[PDB]
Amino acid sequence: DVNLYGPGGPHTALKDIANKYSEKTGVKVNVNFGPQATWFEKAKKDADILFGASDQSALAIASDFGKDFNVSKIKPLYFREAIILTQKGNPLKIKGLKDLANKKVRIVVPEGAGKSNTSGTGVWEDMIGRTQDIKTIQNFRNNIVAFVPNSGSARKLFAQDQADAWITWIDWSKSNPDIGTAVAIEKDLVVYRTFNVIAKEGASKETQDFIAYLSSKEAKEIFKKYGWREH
């Protein structure tokens, strides 16, 4: 078996890819996902590949594994853009990030706060900071009602109508057409973060084979369906 572990997000593309791969090759590929704490102990025993939803978070998670993984071997393969997810119908008529700074809105964002490894860390400030206006930065921050440890937590909060806007990734919207309404972020502000993988030291032939498959034509198309790009 080839066992993958990583955060929620890329798991939807990976599940599809793994399904197709397993049927085609006979090799069983398992995609374990969620908050790091839910799978960390198990991963330490049988993780073949660690996948990531950003570089900083992947570096963090792989570093928790010590000798089993060499962090220098993290492989970026795709990227996707940040988006604003609004409640269905976008009742507040949010047009972008600047709009979120100037209106009265409840925003949720994943931030690790140094105790959780999440793809969201640093995202909101890097985007709104590109307005080069401290008042705008202050205004946006004042609207953040919740910093959460991971995207799954943001999704739950959002689903309970506890926030008007969730700063997230396009793939979360693609994976969940039924949840909210995606609003594109200003081209001059938006950030793009990567999907990546790292194989354990002494990875099996089956593991190496699947890694290659992630760059295959079939994999590219599935990734594309969820918003993951190469160029």
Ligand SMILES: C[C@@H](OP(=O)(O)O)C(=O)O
The other form holds:
2 protein chains.
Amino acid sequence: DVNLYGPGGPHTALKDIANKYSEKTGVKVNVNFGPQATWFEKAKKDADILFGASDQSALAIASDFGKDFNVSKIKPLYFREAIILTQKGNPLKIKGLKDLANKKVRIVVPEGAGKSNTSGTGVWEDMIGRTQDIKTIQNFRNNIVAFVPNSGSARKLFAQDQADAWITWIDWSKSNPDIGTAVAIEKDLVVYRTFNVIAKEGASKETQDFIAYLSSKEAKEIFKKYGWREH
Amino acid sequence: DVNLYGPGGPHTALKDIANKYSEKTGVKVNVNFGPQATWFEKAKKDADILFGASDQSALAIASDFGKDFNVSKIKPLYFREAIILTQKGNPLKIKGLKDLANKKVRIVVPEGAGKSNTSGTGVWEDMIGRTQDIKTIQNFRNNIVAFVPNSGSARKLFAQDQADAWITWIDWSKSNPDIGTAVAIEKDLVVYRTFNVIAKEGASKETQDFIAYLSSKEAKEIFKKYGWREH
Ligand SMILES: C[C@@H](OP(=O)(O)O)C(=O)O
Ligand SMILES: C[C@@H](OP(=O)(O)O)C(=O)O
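Right, the form solved without the named molecule is done; let's see the coordinates for the form deposited with the named molecule bound.
Zooming out: every chain and molecule, the one shown earlier first.
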């Protein structure tokens, strides 16, 4: 088998891609996903590829594997925009990040806090910081009700109606259309983060072949469906 | 005494401010600075205030202190822009971030890798990602010769002529006019990160008083000299 490990998020596109690849080639490709702690020990034994939902988080995770992976070999392949996910129907009429700072709303953001490797780390401050207004930054931060360890944790909190807004990625909405209503972030504030892959040292030909497939016309189309861009 | 702990960088402004404050009020204020590992054990016992050079890093650091600190009380007070520091004279004629992607250059950037709490984490990808061009992101990344655990480490590497460009903050340049040549980052790409403070639970009046002083006219002006802004 070709075994991939990485965070929830890119996993939906990857599962579709792996399925199509397996149908075509006969090579069994397994997409393991979730918080790092849930698969780390098994991945140490059989990981062929580590995929990431951002560069900083991918660097962190790959580093944890020691000499089994050479972190210089992380390959960015696609990117997607951050979004604001509101409760279905957007009851508070949220219109962007500045609006979030101005209104009395509960925001949930994933932040690693140096003890979790999550695509979210640094995102909210980099976006709202581009307003170049300390009051706005303060107000926004004052509305954050929870800094959670990963996107999965934010999803759970959000689904339990404990937050009005979740700072996340377009793909989370594309993968879960019914869970909330996506609101686009100001183009002058938004950040775009990448999907990446890294093959283990001594990766098999089959593993390398699948990596190549991630750049095929067929894979690009699947990625596009989930909001991942090049372009 | 009032004891502060945090990263190098904001320390230059804080030193000037503390000096002025102590002379004026007679209250002694100590500014301890550097990589978290160098002062963590001591801070555990007498840190009155933790200051930060970004939100994600400050959240990380404060979270390491258990109930002694409440992370919901982190207060952003100023911000400043990321810059490119080139070797003296800017011999490669670097004009911005896109230039660092298109030219053959050696870049150093601080990235925590989930094991160091540094202001740099997520910065480079958030800036270059705003080009919305995967080739550009790839090209920029390919030029990164070193990810380092903190700004101080980048400074050392830069000083040894090991890199052509260091992704850093304006305050590092202002604090060290002798080191390199600052190049402004494209307005549509640049990120701004914050200086912040959090007082320990049960903070003394002296501690509260100094926190207030950080927002005084005299404090604002000193921060301004080092590139720290409010609006
Ligand atoms: C790891 C996490 O995704 P991230 O927090 O990296 O977006 C997840 O949802 O499994
Ligand atoms: C901690 C580090 O600063 P940072 O890496 O947070 O910019 C330093 O140089 O002391």
